[PDB]
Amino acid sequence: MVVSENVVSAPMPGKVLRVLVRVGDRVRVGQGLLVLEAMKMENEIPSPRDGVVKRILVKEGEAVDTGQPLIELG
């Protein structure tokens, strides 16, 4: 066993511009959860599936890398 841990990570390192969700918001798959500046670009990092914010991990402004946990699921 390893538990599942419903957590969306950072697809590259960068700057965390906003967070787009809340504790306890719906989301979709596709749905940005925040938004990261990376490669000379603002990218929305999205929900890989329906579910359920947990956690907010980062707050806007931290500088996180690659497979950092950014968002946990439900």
Second form
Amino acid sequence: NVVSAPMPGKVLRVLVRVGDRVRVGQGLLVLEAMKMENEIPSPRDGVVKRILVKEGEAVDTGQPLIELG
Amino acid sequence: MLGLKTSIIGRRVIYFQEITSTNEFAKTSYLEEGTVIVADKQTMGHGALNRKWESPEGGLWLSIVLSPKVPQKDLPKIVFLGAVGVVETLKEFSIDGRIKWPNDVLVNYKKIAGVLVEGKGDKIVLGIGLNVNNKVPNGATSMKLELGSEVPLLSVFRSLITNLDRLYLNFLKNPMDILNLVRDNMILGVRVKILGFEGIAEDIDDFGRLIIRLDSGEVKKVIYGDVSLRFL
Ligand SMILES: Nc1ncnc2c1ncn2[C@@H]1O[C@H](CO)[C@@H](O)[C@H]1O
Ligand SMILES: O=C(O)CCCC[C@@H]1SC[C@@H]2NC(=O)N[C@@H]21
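Output the structure of the form deposited with the partner chain bound; the preceding block shows the form solved without the partner chain.
All chains and molecules follow, beginning with the one already shown.
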């Protein structure tokens, strides 16, 4: 499935690489929002099929971020 | 044996001779609220906005597990909690530290501490690095440098934890109290430059956004992270 933004924020960094198998609740990427560096968790285990965003990108609530396999 | 007397923060402290990062550990472990992570030295020390942090032995490097349950609109104040917490500890030791928007405390404009807050869904990690007796980077200072002698590491810890606990309880009562403490304790009147206009750092708003006064007189608000800022 698709993992969208839990809130607005700029991308600090991406923890995972494509093809990387993810763990439920594991760290996918980091968004600097409300003076915090927010780590975004994987709703399911899986594999990094697609990294939909870049570092330094401004994302908004619900925007597509990661697509797993 | 620590003899702490707090309600939430400091009810459990976990100490490490050394570690990559207290913040990482705090994030990656299941820990009750108010638990403190403290190490003699960190090797993979972290800083705000993907920067690095020197954590040599002799300083205080800790992480606090918090679970406030507050509107998103109040989450930007958590960093302030830590800074003001530090300011008040230095005040006890007769050191005058001021806040540099929005996560650094300074003494005579030399960095003596920094805050880093990280999110983990329900979990919120407050990380604070303060220079006590450790060796420090050029341009930075320490309590030992400020006071000209060794400062009791435990005493600084007990003091800081104690201020952060109180500040936390009042934060759960009225998250608006911190803003004033900050406004009343941060460097102001300084001409700054935004990269990517220039003006005066005259204040912050109720979201903790820096308020710059342009030369014409217009006002501009800065969101942390969104722009690069510098002192002139
Ligand atoms: N232990 C430290 N004490 C004071 N300043 C530091 C320390 N480690 C890193 N810094 C500075 O803090 C800045 C990041 O907040 C960096 O530009 C860096 O020079
Ligand atoms: O000024 C900054 O950039 C923030 C520095 C935060 C440093 C502390 S040391 C305790 C905690 N563990 C870390 O890895 N970082 C914070």
